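Missing here: one protein chain of the complex. Every other protein chain is in place.
The chains carry the letters A and B, assigned in the order they are written, with residues numbered from 1 in each.
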């Protein structure tokens, strides 16, 4: 229904790089369905893509409280910490991402980058 | 009104090559308005664009039950059969398309291709 339409609009907007429109659409989705883990996750991505890492972190966290079994969320949480030079936290979350999804090449590369920093 | 929004979102998604999103949106439109022939037709196109010809066929057929006088639907039904090498069926539907719309070149070209196979 309308929340699903809002969600689809946000995804479409996101995929086309219209992050402000994605955010406004995901907000409508979340107003209607506040416990939608995937909407929080995607709102997080939209903020991430705009360089707003603190907001991304907050919404990734919210998504993971609702659904901790989202490997990609753990991974992006890692990235957002990495981009702020919080290498400890990035390492913790990349590792959690890999515990859930050992095949995430990207998380493995970034884990390695983060481990090499820190020092 | 919600059905129209769903439909517009599906068209937008389709036009931009986001077929999965188009399908999900058109399904919401059809849930609200199951007699919308153009939504069935477009759902068909979205599946066609993804290479899922059997599904495309099913939805083209549904669209044509609702609007049998719609030459473009007959034409796309033809194409979907053609892409699966069902040349007999493609010929029947291209011909039906042309019986309704003697112009539209494309169905005429494809009819010729199919007949040659």
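Here is the rule we go by: contacts are C-beta pairs under 8 Å (C-beta built on N, C-alpha and C of every residue); 3 or more make two chains touch, one makes a residue touch a chain.
Student: Of the residues A:21, A:66 or A:100, which one touches the chain left out of the display?
Tutor: Missing-chain contact among the listed residues: A:21.
Student: Provide the residue numbers of chain A that touch the chain removed from this figure.
Tutor: 2, 5-6, 9, 12-13, 16, 18, 21, 24-25, 28, 31-32
Student: Please output the residues of chain B touching the missing chain, sorted low to high.
Tutor: Chain B touches the chain not shown through residues 1-2, 4-5, 8-9, 11-12, 15-16.
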